[PDB]
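Asks: Chain A is fixed; fit chain B onto it per the hints.
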Amino acid sequence: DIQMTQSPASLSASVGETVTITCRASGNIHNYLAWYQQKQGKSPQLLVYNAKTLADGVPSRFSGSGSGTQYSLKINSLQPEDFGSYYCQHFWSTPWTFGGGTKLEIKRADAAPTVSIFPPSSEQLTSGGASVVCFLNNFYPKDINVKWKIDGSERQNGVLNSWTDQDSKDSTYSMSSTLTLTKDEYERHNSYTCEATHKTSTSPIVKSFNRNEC
Amino acid sequence: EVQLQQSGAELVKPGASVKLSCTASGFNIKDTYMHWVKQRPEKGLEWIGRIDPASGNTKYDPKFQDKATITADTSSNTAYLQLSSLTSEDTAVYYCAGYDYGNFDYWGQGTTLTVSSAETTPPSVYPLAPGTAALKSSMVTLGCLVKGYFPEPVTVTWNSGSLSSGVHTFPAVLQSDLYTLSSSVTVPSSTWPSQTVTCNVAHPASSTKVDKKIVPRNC
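Protein chains in written order, with this note's numbering: chain A, 402 to 615; chain B, 23 to 241.
Simulated from the structure, these hints should not be mistaken for lab results.
Treat the hints with caution; some may be incorrect.
Stated by the list, open to error - List time: in silico BS3-like cross-link candidates among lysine-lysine, alpha-carbon distance up to 27 Å: (1) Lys-600/A <-> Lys-41/B; (2) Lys-158/B <-> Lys-443/A; (3) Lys-158/B <-> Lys-548/A; (4) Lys-65/B <-> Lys-440/A; (5) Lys-453/A <-> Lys-41/B; (6) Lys-443/A <-> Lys-52/B; (7) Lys-65/B <-> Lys-475/A; (8) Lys-443/A <-> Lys-235/B; (9) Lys-443/A <-> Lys-85/B; (10) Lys-234/B <-> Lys-543/A; (11) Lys-235/B <-> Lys-584/A; (12) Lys-41/B <-> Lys-65/B.
Next up, chain B with everything else stripped away, as it sits in the complex:
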């Protein structure tokens, strides 16, 4: 059936330039307009532009006129997006879509582009011990700062998964070129610090597997 395959995620450094692929199967790209749409982490869909593969006629959103360049090669049934002079502002998912005026509307799974200088860094996992007002209440919330790592992802389990519920592992945010995420766990005031609560965070890239017992701070 129709399928628009986009390159895998892409890693590139500020100032560099990337070219994302979007290949179409089950239909000839020139029967429609190939679009490229950007979607910043947790933000709207911004249409970058389109390329009428038939005519080579490209149209863009003024904001991307100089930053973007869409091209195509009906041969390989592929369209492309050439982003120039990367900025941290270009970190977003880049969707290509084949469509025009009717019901023929197909989208690609998306390519996530991340603008970062960082090299494959292990995270610094820091056990987050509480700010006590929560102590004299039913449950205590502990957490882990999995900081300054690269690249995503990281699986954060607690007590080796024994602690499955009450956990909130937060999405990572790329700041100053490196990832930082924090996860939280709520356990009864009975379980901690009386019993052990350790956060296990695994970072496959750097191959780091690190456990960290949340020891009450010097309070």
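Same shape as in the complex, but just chain A:
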């Protein structure tokens, strides 16, 4: 019956920075709120419970506040190891729902992706299958939208997307999108375009290859 609306979903910050993440219960939770931090490939760890009481081993830079429905977690001097996701869970009543989570990422300047499309290898065609790939490398922020087209017609199914997490040495992101067609279809069309829409360009970065134009 009660749902937590965590905000913001993503938050970019830098070492030394102060940050506040919020969670609004859909009803009054009476400070029965907890905040969790989840670092990459790790199990959540409690930072704060009861809205403001810091858990064990949680340094003073973390503060928690709120009352009733609006709650916040503030991290004062962002150290490098504070980067991770943050979830708030209410334990006021069943279900003890979680907020949607907030990813805290290292802020860096925008970088447009380096897009690259790859037609299907002759070896795959031989198996009656055909996958066109599109790598959108080293970009930032991570909000990006890829759209495939086969002869100007959008194609929604068959697309398989993946993302790396923010690079350790340059903090950029990367995505790889794969359209999986059958050979029958593939050899029945000519233009395969991969359209990426990112913050760094108002118009889509597009890459195409024509099947029989080679």
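Replies: Structure of chain B alone, referenced to chain A:
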């Protein structure tokens, strides 16, 4: 010190049913509520439910009422999650946690559950040769489609590791019951195709070790 050990990853087929363990050491599970939390690949933490080991009192998230069943055996100090009629929607990491209202909050390393019919399949590694507009620029990006394999993982190195930087090996995505991953490598336009660039992908399960030179396509 406290430790909640969860079963290793689990493999099961659609329609089947699995029972994940979560054992606690360094504390009696009945001193807190044992929770089970699901975390879909790259998505939020969804609380499935909890079991008050003391009372057998279980509470669930309506969405999981029929899909899940949490039980416990204070004897072995273990809680369990019984997922019934698996769907590809049940593929996620399943975390068990011991906690309630205070600072006693411990989590397990997590159990990754994957719903797949697939049998241990080698991947079809396909050399990804470029869509040329990148050619008349400083660097060229090549890649490898390591497709239709099972189960994870796969190590993709390039030029036997000689190519260490500029590589982006992307996370695998389970589609239509099989894994597919692609890796990329950026090398100066000088190095390829002039010099060899081959992707070596190893799949320990199927024991397949495969090298694939990225030969320019018929373009």
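Asks: Please list, smallest to largest, the hint numbers that this structure does not respect.
Replies: Going through the list in order, the structure violates hints 1, 2, 5, 8, 10 and respects the others.
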